[PDB]
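Shown next as structure tokens: one chain only, the form deposited in one PDB entry.
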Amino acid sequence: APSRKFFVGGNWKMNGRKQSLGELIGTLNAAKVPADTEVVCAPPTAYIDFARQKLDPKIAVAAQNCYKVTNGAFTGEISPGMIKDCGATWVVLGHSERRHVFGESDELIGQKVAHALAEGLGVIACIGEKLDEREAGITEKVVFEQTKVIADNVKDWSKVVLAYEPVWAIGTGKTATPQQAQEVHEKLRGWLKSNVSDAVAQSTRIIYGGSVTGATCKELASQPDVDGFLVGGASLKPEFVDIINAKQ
């Protein structure tokens, strides 16, 4: 469609009960959301439905992970169809904790992307290097290897978002500084041009994942190829509001 609609998704990780959640849902349901922005919220999985009942129709509910088949024997899992049945139109996949605390391989994240997309939930597929890789400067290969694999299982880019998360920027104000962010966002929108199509590159949202704070949010959203944000712990605090009102 015309110009890349700004995206701010907030991942609440395994934080919160219904009282803290209920109250945060009150702050959000009453913050001014610009039509500038498309906001999605990942609640913890015991509360995707709670959250969807309570939240305003204008904040999309997102699940934090899902599995590869519609229904099966896999205790502890959720499927896309259940995410859809609860009312959440998105799923967060390939997020770093899955990958590096719980070992989700790229072939699992492929298989998930593909299945989620078959069901008609939007994915935020996550990619990003650790410190040993930025050190070796092999950022290029490990963001690009990663995007080959998500991209190989995307069949219709309309529904997917890419979130660059440099692993080190999770959890400390150790952020990729605005130029750091954009070296790699640009290099990756360019990889999508090389390899997919100009219309995918042109229209795909690449959002920034790492430590977005109410401080950092406007300098960051001024890079040409940073399309919005994946907000970790700041989305749980009221400054989240400010991050929705970032690039204008």
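C-alpha atoms forming the largest set that superposes within 1.5 Å between two forms make up the rigid core. Residues that one form lacks are left out of the comparison. Residue numbers count along the first chain shown, from 1. What changes on going to the form deposited in another entry:
With the two forms fitted on their core, the C-alpha shifts between the two forms stay under 2 Å for all of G87, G72, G120, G171 except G171.
The protein segment that moves between the two forms, counted as a run of at least three consecutive residues with every Cα displaced by 2 Å or more relative to the fitted core, is 168-175 alone.
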The other form holds:
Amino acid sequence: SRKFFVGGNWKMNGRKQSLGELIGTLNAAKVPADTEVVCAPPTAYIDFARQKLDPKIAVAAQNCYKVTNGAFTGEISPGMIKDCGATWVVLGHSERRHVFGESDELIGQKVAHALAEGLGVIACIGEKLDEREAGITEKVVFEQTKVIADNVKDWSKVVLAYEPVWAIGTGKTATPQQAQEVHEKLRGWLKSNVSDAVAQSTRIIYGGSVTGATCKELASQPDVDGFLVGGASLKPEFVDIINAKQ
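Return one more block: the form deposited in another entry, after the form deposited in one PDB entry shown previously.
Nothing else is written out below except the one chain.
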């Protein structure tokens, strides 16, 4: 069965001192044998984070570019990510798409290059509020998933993260039923457009609001295989979310 997957996205937060304290807490945590745990530090601390974190937790970069080296001031490559001992990269995150304007085309090319270079990919998708309210959730997420699928040969190295971008600061929130709906939809898409084996083996993780209070109910949803955690990843609460299936 699909191994439960908990990603902590630290975003642009922390310094050596405070992140050192967080890392101590995570190093001390008993992580369930049925759960895969990944932390995504700010880019300046990928190296530091990998040095301090116990081997039981994997490290992800929060973004990368689509060639191995080049004249791209302020970017990093999968090769550099691997070189710092990280094994994953987050791609297509809602902040990259909607604050920094990264296109599906660019994201797809990043996905292909990262996977060819031997990284795992946590590939993010999701619809905004207007899109949900116009009835086209299924359209938006299926198209974003297709672009990602066009650049994936081996799905053993990818995790799909649904972000209900429509619930971010907007005045609406997603229920566990509403998330389950979209995850079941996506697994059916994988079954239809790639294989039954990939549908049943691929983790589809929930990227909306998740806390200690809400994680057990969300995790119990049959098609929710884990989380890409925001704010709670910077706190001991993250370990409650790691424990969500226990």
